[PDB]
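One chain follows as structure tokens, the form deposited in one PDB entry.
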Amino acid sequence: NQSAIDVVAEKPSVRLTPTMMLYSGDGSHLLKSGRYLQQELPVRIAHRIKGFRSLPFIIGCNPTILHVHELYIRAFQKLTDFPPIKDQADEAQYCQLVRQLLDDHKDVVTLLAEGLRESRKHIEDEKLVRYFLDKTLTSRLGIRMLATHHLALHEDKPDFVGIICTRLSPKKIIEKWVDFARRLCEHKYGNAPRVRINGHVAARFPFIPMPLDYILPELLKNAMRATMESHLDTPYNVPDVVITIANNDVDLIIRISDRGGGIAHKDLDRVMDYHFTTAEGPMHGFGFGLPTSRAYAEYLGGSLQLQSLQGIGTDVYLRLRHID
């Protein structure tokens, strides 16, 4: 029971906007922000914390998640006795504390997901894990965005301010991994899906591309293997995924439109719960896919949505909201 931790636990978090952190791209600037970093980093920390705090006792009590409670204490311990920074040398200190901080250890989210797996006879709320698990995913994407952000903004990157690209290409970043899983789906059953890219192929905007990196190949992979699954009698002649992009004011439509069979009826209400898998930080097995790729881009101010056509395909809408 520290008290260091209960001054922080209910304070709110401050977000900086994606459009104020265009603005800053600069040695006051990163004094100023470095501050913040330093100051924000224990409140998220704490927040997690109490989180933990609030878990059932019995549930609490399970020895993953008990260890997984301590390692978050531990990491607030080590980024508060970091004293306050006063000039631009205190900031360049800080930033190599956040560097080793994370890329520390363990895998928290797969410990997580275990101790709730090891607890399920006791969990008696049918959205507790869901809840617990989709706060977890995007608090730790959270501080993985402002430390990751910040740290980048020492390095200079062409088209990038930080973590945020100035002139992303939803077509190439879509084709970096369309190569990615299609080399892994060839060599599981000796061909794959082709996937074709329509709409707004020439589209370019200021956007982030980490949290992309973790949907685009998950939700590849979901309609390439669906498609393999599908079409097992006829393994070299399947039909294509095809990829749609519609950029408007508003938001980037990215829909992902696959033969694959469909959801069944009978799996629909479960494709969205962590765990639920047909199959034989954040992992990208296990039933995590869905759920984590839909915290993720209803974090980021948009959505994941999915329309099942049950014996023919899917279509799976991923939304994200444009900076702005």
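Rigid core here is just the name for the largest C-alpha set that superposes within 1.5 Å across the two forms. Numbering follows the first chain given and starts at 1. What changes on going to the form deposited in another entry:
Taking the core as reference between the two forms, the lone member of 62, 38, 257, 293 whose Cα moves by 2 Å or more is 62. The rigid-core alignment places the CA of residue 109 2 Å or more apart between the two forms.
Once both forms are fitted on their rigid core, the CA atom of residue 198 lies less than 2 Å apart between the two forms. With the core superposed, residue 134 shows a C-alpha displacement below 2 Å between the two forms.
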Second form
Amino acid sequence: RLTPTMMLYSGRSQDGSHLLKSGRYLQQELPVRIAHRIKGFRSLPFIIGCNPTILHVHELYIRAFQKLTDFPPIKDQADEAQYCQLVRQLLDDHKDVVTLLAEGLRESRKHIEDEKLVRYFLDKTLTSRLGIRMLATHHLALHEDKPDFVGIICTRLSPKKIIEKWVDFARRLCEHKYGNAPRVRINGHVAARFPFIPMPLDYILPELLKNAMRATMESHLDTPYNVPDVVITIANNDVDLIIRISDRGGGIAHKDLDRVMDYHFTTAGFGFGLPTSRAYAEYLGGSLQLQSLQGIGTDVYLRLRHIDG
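Return the form deposited in another entry of this protein as a structure block, the form deposited in one PDB entry having already been given.
Here we give the lone chain, stripped of any partners or molecules.
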């Protein structure tokens, strides 16, 4: 069952033939998708494309294409096993790509007149990248025998559990900077369990939690020891999963509202949290919507489609 035009193999065999079919799928799929990313770099405005960090990333993708296309057609388990080593190397080599693009683009984008251009390039590049890393990680995970997982697909994911995971994480970060962190309540369908892919949530949830906690602390500088809770509601229905994250952090100002979804815009991280999360949600067939109550707080609505039966 599929992410967009990308299928995650739920097949399984004892002879391990599902691993060869998966491996062969990747082998046919990855080079084409990397070619697309390279075409993306080739079409960047010249002046942005000449930035040395952008050039570095452009070269990384070329190298990846080279390694992928030089790898021989998979015929046996020894082949597949070796291909996995390559996939692991590329996953690691490219792990800082978002950060590098942010850096390379930060100034150089100001050099051009179409602001739509960079946004489009980042949405496209980052979401294609997520899709590639999902397929790749899924293949590697097929070798695992974690219970409740078929690759990266959790067969019985609890939204509440994964939210709490990221809450603990964001609270620790927040405490480190402010001395305290809002407490988080979670309500709604807290007992929901369903088949789901965690990975997008692992990107998005911490970004939105960090935003909500930061806003809460910075609007309560006089009582850091007593700040309004962040409240999270889970709604699980047959079509989608909805996670609403509500804070009393004072809201997103009218003057900032039309900018918060721009890559690089920050009123402080490096301003990628919101546009990246939205691009990811929409890529997967969901959405990310903001409701600002200026003077009071912000509600953020994450919607992700369910895995189709």
